[PDB]
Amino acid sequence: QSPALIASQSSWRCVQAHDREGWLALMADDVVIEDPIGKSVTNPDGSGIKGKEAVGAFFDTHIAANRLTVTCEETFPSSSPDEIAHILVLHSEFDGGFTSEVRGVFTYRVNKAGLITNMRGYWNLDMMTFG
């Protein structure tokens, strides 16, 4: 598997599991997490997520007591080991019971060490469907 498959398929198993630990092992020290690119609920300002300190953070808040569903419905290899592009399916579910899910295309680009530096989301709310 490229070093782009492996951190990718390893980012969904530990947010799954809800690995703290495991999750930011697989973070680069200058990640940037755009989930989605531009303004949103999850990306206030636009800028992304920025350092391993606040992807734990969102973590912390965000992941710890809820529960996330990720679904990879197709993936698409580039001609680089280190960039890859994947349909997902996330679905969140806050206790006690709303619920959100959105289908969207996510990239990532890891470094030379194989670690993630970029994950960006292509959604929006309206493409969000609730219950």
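Residue numbers count along the first chain shown, from 1. The term rigid core refers to the most C-alpha atoms you can superpose between the two forms while keeping them within 1.5 Å. What changes on going to the form deposited in another entry:
- In a core superposition between these two forms, the Cα of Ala64 is the only one among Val41, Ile87, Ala64, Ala54 shifting by 2 Å or more.
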Second form
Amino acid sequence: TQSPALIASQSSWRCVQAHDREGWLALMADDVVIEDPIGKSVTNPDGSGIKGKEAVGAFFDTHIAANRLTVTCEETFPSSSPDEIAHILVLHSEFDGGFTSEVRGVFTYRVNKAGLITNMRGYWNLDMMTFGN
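Taking the form deposited in one PDB entry as the starting point, write out the structure of the form deposited in another entry.
We keep it simple here and write out only the one chain, dropping partners and molecules.
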């Protein structure tokens, strides 16, 4: 059977693809910190991550839903802990009325013993993005 980390990460993309804000939030621990990406960027404006379920809900609204984000898993790297995993993901989204951008990055996930996501951290930056339209 699949690890709690693999379940949580695969579920998180499934909820993105299903446009399911409630289902996505239900995967998150109360003390979740989302660093997508790690360091200061449009989607991490203060550089220290988006903290707690309310603010992460606003993050879903603006940076997953309103931008038509799609998430594709290219490759998966289990660790030796059932609660931590990494993936190469390709992110595609839309901006400024339908222009497109894409980025390929490493994303790490940690879950607690209950299986809820405590950390999602992305290794990318705006300079890595490629564009379309």
